[PDB]
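Novice: For reference, the chains in residue letters:
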Amino acid sequence: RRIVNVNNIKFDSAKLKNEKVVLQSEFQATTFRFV
Amino acid sequence: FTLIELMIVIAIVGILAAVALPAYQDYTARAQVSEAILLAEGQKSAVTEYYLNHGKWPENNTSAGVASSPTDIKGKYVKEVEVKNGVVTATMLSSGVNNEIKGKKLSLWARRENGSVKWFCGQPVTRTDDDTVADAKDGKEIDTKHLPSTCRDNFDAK
Amino acid sequence: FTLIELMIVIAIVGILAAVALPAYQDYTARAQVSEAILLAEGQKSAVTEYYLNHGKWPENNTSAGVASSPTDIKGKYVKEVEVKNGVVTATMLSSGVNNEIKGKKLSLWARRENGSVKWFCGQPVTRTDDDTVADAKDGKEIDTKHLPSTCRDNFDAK
Amino acid sequence: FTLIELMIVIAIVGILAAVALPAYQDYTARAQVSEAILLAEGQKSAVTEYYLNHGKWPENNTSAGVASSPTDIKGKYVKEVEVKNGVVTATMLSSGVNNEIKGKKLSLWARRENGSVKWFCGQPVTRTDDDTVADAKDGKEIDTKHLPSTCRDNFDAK
Numbered sequence: 155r156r157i158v159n160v161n162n163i164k165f166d167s168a169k170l171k172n173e174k175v176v177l178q179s180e181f182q183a184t185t186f187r188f189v
Numbered sequence: 001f002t003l004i005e006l007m008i009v010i011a012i013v014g015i016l017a018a019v020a021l022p023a024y025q026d027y028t029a030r031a032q033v034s035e036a037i038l039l040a041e042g043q044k045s046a047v048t049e050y051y052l053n054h055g056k057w058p059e060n061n062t063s064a065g066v067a068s069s070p071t072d073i074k075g076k077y078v079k080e081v082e083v084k085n086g087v088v089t090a091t092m093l094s095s096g097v098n099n100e101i102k103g104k105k106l107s108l109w110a111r112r113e114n115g116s117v118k119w120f121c122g123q124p125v126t127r128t129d130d131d132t133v134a135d136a137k138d139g140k141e142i143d144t145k146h147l148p149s150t151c152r153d154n155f156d157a158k
Numbered sequence: 001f002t003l004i005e006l007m008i009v010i011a012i013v014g015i016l017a018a019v020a021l022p023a024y025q026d027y028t029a030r031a032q033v034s035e036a037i038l039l040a041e042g043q044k045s046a047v048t049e050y051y052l053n054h055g056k057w058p059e060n061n062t063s064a065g066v067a068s069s070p071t072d073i074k075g076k077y078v079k080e081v082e083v084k085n086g087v088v089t090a091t092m093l094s095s096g097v098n099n100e101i102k103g104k105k106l107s108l109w110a111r112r113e114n115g116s117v118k119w120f121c122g123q124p125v126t127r128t129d130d131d132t133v134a135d136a137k138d139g140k141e142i143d144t145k146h147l148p149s150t151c152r153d154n155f156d157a158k
Numbered sequence: 001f002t003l004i005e006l007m008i009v010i011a012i013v014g015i016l017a018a019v020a021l022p023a024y025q026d027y028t029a030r031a032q033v034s035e036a037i038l039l040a041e042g043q044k045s046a047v048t049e050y051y052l053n054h055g056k057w058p059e060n061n062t063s064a065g066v067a068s069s070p071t072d073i074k075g076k077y078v079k080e081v082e083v084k085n086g087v088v089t090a091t092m093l094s095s096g097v098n099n100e101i102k103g104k105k106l107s108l109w110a111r112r113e114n115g116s117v118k119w120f121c122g123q124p125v126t127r128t129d130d131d132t133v134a135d136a137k138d139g140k141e142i143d144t145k146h147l148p149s150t151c152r153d154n155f156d157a158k
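Residue numbers (the authors' numbering), protein chains in the order written: chain Oj, 155 to 189; chain Ag, 1 to 158; chain Af, 1 to 158; chain Ae, 1 to 158.
Accuracy of the hints is not assured; some may be wrong.
[Claimed, not checked] Facing chain Af, from chain Ag, some residues (calculated, C-beta under 10 Å):
(1) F1
(2) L3
(3) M7
(4) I10
(5) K76
(6) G96
Since the hints were made in silico from the structure, they are not lab data.
Every residue, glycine too, gets a C-beta built ideally from N, C-alpha and C.
Extracted from the complex, chain Oj is given alone in its bound form:
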């Protein structure tokens, strides 16, 4: 119910060796204050 417009998304597998499933995720989301 608030102005968090999510836009450019990314995520990837956080484990170097890849020995267990895990996804680090970085989402960008913005709200629009007045001037």
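Model the placement of chains Ag, Af and Ae on the given structure of chain Oj, informed by the hints.
Specialist: The following block gives chains Ag, Af and Ae in isolation, referenced to the frame of chain Oj:
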């Protein structure tokens, strides 16, 4: 009118337990990890010999000549101990342990000294080549606070 | 007309002692048992070696190479420690202990791991065969409430 | 005509303190002695090892391998701790303690068990021969009432 000595002293022992709670809870975890370490060691022998006799790190427990089954090298707080290319990793059980250390593990790995090897102890690592390992970065490593002073080794310790 | 502060505060410390009575009385017993356990251990060494060197459990203290006399392995709360076919049982004295734990005992027994053995700690047990023991059911076992979390093993623990 | 509730209740708290005075004063002393005991212990290690390794009791602190200076093993209520032929005596300071226990002391001594030793705790003692000590009768011993139940040992305890 009177009775506050019984009320305060029952409430100071109550808060005394709350203060003694985190001390016994890391002393406790730190104790359960000190064993994962003992279970990991004593398997250095097999691994050392295998390396010195062949010049190649044992691929798995059977190669190292130990309980062919990782789960056969478990304990009270240890769910197992696996040898993966000379690296010996110990996993913390899920029952009978702290709370922020279960299912968590550490590793013991060695390095060719040339004629002998030297062992390290620290947070989980993977072997890259016969003389190089790297952080098994994944999120299940036992937290530095629970590791002895003798098991603070980094992937590139020499 | 007046004096109730002295009367109530003498009677709150009186009832405070009555509430602190059972806490100190199991903390206390639980403390006297933790020693029967320490006296039982350290005798694992003798028993382990005897088994690994011969493949048979030591029949008695002398076989295990320890104070040939059970009563010679006593303590403050421990009236003795006897080795009976690899099983080491510790008896609680009759003087200087709780009240519901005196003359009571526990046992430490091991199991062939094949090349090594693993030890258990719990309520009195008898050895049946070289790899099997059973509850020495008789009524003199130290009550579960007085036994550490590390000494809750059952006759068939593996 | 009226005001006796304030007068009696101020005088019941006054007499309540007088009744609570001797209780806090032996609980207190008994607490200051329990430390002289902790300072005395932990020095058993040095003494035990020295004896088992050489078969002779350490003559003094330096021999035992501890603060060569008795005064260097002091505390809040402890003015020091001296090792005299394996016997470790703890002296109560003169400032910060009860009143009938200052400058007073206790001793910890051991006995050859043959392959190991057993420790005792009680009123000051002197060592005669390698397996015999005796009351350091002189008048500065901490009174039995101030000693724990675990430190009531006599010179000839075995």
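Novice: Any hints this thing doesn't respect? Which numbers, in order?
Specialist: Per hint list: zero violations.
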